[PDB]
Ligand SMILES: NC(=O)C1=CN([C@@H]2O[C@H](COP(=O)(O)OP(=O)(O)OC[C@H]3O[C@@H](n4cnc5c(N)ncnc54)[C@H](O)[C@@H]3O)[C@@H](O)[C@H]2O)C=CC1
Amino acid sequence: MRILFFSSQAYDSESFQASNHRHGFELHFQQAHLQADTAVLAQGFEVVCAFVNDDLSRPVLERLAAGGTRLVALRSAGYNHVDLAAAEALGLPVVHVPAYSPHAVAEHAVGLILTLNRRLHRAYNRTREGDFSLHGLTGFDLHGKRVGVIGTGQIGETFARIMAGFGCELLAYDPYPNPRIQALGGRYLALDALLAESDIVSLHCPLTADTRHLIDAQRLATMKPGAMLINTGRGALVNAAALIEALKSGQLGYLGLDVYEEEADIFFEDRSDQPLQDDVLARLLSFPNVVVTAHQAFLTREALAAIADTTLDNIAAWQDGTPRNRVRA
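If we take the form solved without this ligand, what would you give as the structure of this chain on its own?
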């Protein structure tokens, strides 16, 4: 059973090779992006493994199907790049990773908090060059601060437990509260009260019609002046455009993003040789109190191993006719 990987990185080959010790599939790693003019590379390959920056619109799917590809395996949770209606029409099933490792993602959120708080990215750049001066690097103790967790699913809960260990006072909002958050010392309250009370707000709720642009100009103006916002959830949870004016005024003190609404078109590529087209992202990137990582929150060895194991298992399952993590239109 042969699998062609498009948009391959060294960390993909390393994780999938190790995970393949219990499958023995024939793995082919192509660096190029999948798109109309590279689809031909998948000719004769039964399975193609794609990431979110690969093009799986109707024209590409038609070409893969005509070329004899029988399964599209996404080594991602997200699938915005896939025309699912077209894949169904073509009889080409799509599988994916249902969720990323909660420790990897929650740890990354905490890392964004600490780097922003202690200005560690700014310090590094100073000391690397022999600037040992400390002006502007003063932070705040996390101990005693109010940390508001929006969405208390697995990642939010994991994040909450870590922040509880720093001695933070935990606040939470979820449509369906759970007792585990309570056992950590967490207090549930209304979203609006969470936003007004929290020193640090971290988004971990699913994206739905109800949470789309949850943090918009109104929600930003509800927050405590100078507060920190972290979004490792999904880009569309926030209206990035509204973050700018809040950062300019000082209303928002800090921002840590691991996701961005336009990301599948932007992230996972070195675009440094060319002007950045997106005015909003370009402006965010400039601020001294903003750190953006390029959907890096699941980028640990363990979390990548989970993605590889899940994806290879999904493929074995399709092979046997077991509906496992299929995405349907």
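Residues that one form lacks are left out of the comparison. Residue numbers count along the first chain shown, from 1. Whichever C-alpha set is largest while still superposing within 1.5 Å between the two forms counts as the rigid core. Compared with the form deposited with this ligand bound:
Lining up the core between these two forms shows that one residue from 289, 300, 293, 30 moves its Cα 2 Å or more, and that residue is 30. Domain motion between these two forms: the smaller of two rigid parts turns 17° against the larger, based on C-alpha superpositions. In this core-based overlay, residues 1 to 10, 24 to 100, 314 to 328 form runs of three or more whose Cα positions differ by 2 Å or more between these two forms.
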The other form holds:
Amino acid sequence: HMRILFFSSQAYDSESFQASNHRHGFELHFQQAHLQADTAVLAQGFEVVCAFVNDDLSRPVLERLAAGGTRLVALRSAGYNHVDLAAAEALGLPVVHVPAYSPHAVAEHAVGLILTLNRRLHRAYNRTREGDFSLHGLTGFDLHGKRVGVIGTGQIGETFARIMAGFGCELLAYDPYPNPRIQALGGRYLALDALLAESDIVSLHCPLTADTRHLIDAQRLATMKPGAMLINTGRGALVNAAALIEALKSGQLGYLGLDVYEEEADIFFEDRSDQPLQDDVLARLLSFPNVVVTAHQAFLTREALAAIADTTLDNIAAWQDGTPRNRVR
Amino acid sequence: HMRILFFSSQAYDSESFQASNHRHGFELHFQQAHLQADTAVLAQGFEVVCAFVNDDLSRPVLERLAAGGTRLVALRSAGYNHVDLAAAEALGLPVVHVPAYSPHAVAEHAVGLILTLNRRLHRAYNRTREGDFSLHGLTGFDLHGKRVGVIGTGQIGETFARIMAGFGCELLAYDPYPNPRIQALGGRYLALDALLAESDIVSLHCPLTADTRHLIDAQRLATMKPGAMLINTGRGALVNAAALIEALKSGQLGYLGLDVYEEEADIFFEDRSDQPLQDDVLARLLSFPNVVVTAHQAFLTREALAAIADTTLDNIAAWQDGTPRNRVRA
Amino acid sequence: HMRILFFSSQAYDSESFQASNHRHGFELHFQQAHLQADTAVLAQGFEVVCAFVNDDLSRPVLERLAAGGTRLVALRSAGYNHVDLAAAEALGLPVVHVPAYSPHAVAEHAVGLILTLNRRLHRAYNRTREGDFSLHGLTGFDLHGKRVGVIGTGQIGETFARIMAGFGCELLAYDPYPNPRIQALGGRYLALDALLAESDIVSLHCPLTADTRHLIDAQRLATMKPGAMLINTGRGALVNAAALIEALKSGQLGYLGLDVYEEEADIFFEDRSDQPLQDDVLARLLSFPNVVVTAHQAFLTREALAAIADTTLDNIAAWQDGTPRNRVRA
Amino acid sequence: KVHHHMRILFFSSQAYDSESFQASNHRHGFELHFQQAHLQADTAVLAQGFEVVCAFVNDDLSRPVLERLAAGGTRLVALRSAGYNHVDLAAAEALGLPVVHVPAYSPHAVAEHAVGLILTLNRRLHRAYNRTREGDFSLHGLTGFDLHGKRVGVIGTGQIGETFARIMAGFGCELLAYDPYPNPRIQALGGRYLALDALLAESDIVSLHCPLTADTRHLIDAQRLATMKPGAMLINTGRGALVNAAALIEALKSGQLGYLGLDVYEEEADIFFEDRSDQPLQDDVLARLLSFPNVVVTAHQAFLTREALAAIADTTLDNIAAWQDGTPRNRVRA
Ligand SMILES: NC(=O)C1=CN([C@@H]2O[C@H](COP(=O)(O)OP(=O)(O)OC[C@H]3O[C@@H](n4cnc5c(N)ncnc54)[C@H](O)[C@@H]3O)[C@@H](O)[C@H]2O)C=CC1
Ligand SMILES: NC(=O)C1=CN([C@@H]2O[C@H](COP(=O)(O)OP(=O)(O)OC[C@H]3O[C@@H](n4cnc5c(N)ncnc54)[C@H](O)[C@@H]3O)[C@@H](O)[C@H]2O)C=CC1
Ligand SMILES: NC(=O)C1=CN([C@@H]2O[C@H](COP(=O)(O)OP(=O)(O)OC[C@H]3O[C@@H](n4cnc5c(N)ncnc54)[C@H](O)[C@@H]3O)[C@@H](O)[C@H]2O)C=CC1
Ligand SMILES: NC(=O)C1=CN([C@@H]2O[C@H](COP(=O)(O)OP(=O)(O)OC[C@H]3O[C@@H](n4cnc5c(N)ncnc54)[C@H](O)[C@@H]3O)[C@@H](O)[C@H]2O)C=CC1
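Please supply the corresponding structure for the form deposited with this ligand bound (the preceding block corresponds to the form solved without this ligand).
All chains and molecules follow, beginning with the one already shown.
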């Protein structure tokens, strides 16, 4: 019955969704192109559109989709800052998402970035691979005993905090809604500025909203402990990357791990190595020995993908039965 | 200025030891060469020799050292499988070590290898560096819920077990002397073969002895779960690397992280990139997308190095006060 | 509106062929799969099949193609060792090729491999990229004055010779046939074993036939000048790659540049980086600092591709008109 | 009755320097001291008491350095290099400090390297190597072009530029040339002299082989890049300051410049010849140049061949012996 058009489709998306669809028999169409004003016409006549985090679901796109017959927007993601939710509501277009496919996948990836940066595992790998077994510049630091500041102690942030507590770190936390689980781990809540000044490692797990946009700016970087590590597996626009470059150059910021980037939408998820990279700031970030960028793969585990696909297909079935689930606000 | 000769010296060694020697004023000499039968003559007239894990302290070397006037052997390491302890004892040469400079350094490195392999971070890095933001082949797996088998639950193995429990892993353990802290974490002890057959990830933290040599061989790899991950931050000779190659090629072994290698002694710690690598087995291990080798750097953190230098210099001061500590015995 | 089925099609092939002005109203179909016994059925009802150098055109494949209605085999290549020519002839299936799309493209690539190996440019690139501006191991040698031995002085060999003469190299040559252009360049013909013993650099440009198969074997490697450079942009089976590995490890062979490899057929032209590489010998060749392998891209220039497409489309038109051109004969 | 004292301090010394110079010194027995640091105002004191100082291309031999060296007893400055833009020759002369150099150790070593950069860029050999090393045997993005038939413009047809031109003519390239002082050997070769702007507009590949002087400084600037053929290749094995690298970045990003090979960089002096991989790179412009797939940078190694090194060492030790006997050779003058 039901027909679903997926934008920004990759092979991992079709594999996982085709496996999960043995339980549903929806008719699945995978389109590679990003959703934007000039591709929305591809969804003409599709009742359901399945979008990912760098699809453009601003007002003009939503208007096109609604006018073309689309009646549900299914986000195969937890995040939803790319959707104009007020406009969806005005158009009577429900928006559904997958709020907790695997908080562990994302938290673990953040911990992986930390360790790769700390022990210079990315540099080591390239050395041993060519028969360079020298260790200059690879000396790391013990995680045990360090102060780890978590900004945003929700599903992912809390899971990240628990892992880091298991390394014997001292947890510092900031959230407008503190939670008791963090305290039970030994964490202590404090104000943002104090967290920044006291943390050896900071990790961002708050959503992107008007209040978190450029939360990490020049001013705030200058507050941080010299040589600190910053991890961003949240959203690119949580940080001002031009300011990160200056702090990296001065040594003020010791390490940076990114799984997201502010201008990632038209570059991530494809191989653009054959052409010059246009984004000056990203190119410069990539040049540093103490920066690691992964291309928005913190979600990318077998279990995460299976849960995304199962929950998304269930969301759609629930909507089709008139009892929708996992709606976004 | 008591005189200490350091073999296999690297810049990080002379830097850390020099900083720590502000509190002692020993006279420190750093030799780059490895200690072996051929190089032992360099220690003539040195009362104290400081060696590392790839120096050869077998009987013939210890005999030369003793004949040349050396009276103490200070290991700037926790491990001591490179020392013939019976022969040291017969010669009246005490051997001292640093047993617990930082169990966390080594455990954390093992967990780093696990995550790099899992999320293919070493491959991702190289891709994004050149503007390849594609994700094919990089899908990993949640650590939460997996079974992690720890072989050797001592200072490092236990610290590793604790970290992995914090990711929500199910801990399985094998040690001739089980310890209660592991059970308090939720770990369950079992026999070696059962641990191998049931684990998704296996990590080696037992010392190298005649009983652990080639513990992971062809037969034991075949009993492991298909696609499992094996981590070796112990010693090279705990595994048979030729058998690892065959299991990697078949897919039987899904991942391998090594910080040690059986024939590392004359290879590691130096940049040999300008010449062909002679060792066929290491070259082949290095060829795989699901193998990561680090060059015996699990011990290499600021805190580990400072503790190694401080404890080693203190060990030597204690010896020279007639109250030796951190001795290793036959 | 004759239809053409292309096997082993890559994006650069379909772009190339579609952008030609020489379509002659043909209908072009591009299949990615390699031609072999179990894919030949895809050509059922196609009058013309276009194949590349790693397609299987042995007798059983040719029999299927003829039984399925294919009447012409068009090689988008110069080389034809992959074709059983006697069997094609017995089936009345003409085979056409492109013998001289661009001898310069291929010769220039060989020269590129030479310079890369000499100046260690592949190593330098990765160093500078990460801010390593050190030069240890990168010292090269002046080409000017060196002896360059060319095995096979045909279209590509003589173009290569000509380029190497322009660097002021001394040219040595071996071919069953004299070529007066080689003498005009200053080249001297000599016997194979003498060429091998006297040359600083050797480059292979003979076709693969039963007489050139494994021309470079253990015994002939041992005759070469110690530390010499060997370049192979001919065909993989001209050399014995297991013997190349031993000579590289001993230092007897100083450098190796390959654009071709004996078991390339099912490996080259794809990205196989996500899985272990099965071929031990290729994995080991890839491990060396003084080996460069490119994946059969010597033909791969803008001008070469355009000529291959134009000449191949013309060859097919000329066959259709009953005046065939560029036939290869048993 | 037959021959059977002299102390030399080398700045910016590397292992390949002490090895080559020690081999050549079997013929002399001078006393050789190798210092790693770069020569500049605050390291000049290390040459106190040394009659001879041997410097390389990134040592600072401006007036204030030369004044310290002279005051400290140094009597000869021996450049282990062909180039000399780093020396204030008028100041050396005013101080009575002769400066000697090695003008032609191996013009082939440098020309050949430039050709290597061309071919690596053209066939993407650097990209292919990293692919095949990890089992990626795909060829997308690696299509090159035939050199045969292309136009190659040589700016500066001296020893190196002429050797380069001859090599490129052997590939069947058409040679275009610009030099304020044309020479007949290039024409005899089939090369055609023309004005700079016309060379820039007509060339598929341009290679710089002029010295750095006040007239060649930023010779390749934004305006001259905009004159070039779209998608052209530029090669710089001359000096860093011959080009404006910020403008090269904009032309690379637009596609106006198709390829860039550098063996030299304007701010190289305090970074090249060292492994600086363990720290951030401070220079924004170099970091960005390094990011591109169609840029290759080698760290000033065009001179670096066995034969070049042996000639530099032999000629440099000979220049010092000749000076010591009062009959100096290979002097450079203001
Ligand atoms: N890189 C990746 O692949 C993925 C990234 N993400 C990002 O992670 C974010 C977090 O996801 P969850 O933890 O699941 O969400 P959640 O809703 O469980 O938790 C978010 C937390 O952030 C806090 N928060 C809100 N505003 C804040 C502010 N101004 N300052 C500090 N904290 C604030 C909330 O109070 C809440 O505790 C998502 O918004 C998404 O952008 C999510 C999934 C994958
Ligand atoms: N990669 C690196 O840089 C470093 C490696 N190591 C290695 O790790 C090893 C372990 O270190 P620690 O935890 O400090 O030692 P430990 O002595 O504290 O603990 C070792 C554990 O191994 C167990 N064990 C002994 N024999 C066994 C057997 N046959 N089978 C299974 N388990 C057995 C012991 O009962 C003990 O619980 C060292 O012996 C050394 O080789 C140590 C430091 C650094
Ligand atoms: N890497 C690549 O992409 C390419 C490789 N090739 C290979 O290069 C080969 C050469 O092609 P061309 O120069 O065009 O061919 P060609 O036919 O013009 O010249 C071949 C020469 O090799 C000589 N030769 C034949 N048998 C010989 C033997 N037994 N020993 C020594 N020399 C012998 C012939 O006398 C002739 O002079 C092709 O057969 C092909 O395999 C060709 C094009 C591209
Ligand atoms: N990358 C490297 O490792 C090396 C670089 N070089 C550089 O290459 C340069 C060339 O050296 P050689 O060819 O031996 O010098 P050379 O003196 O023989 O020739 C230089 C040529 O440039 C020409 N020229 C002078 N002023 C010019 C101007 N304003 N515009 C255009 N052309 C002009 C000259 O007339 C002469 O024909 C050296 O000055 C040096 O900076 C030299 C050696 C090694």
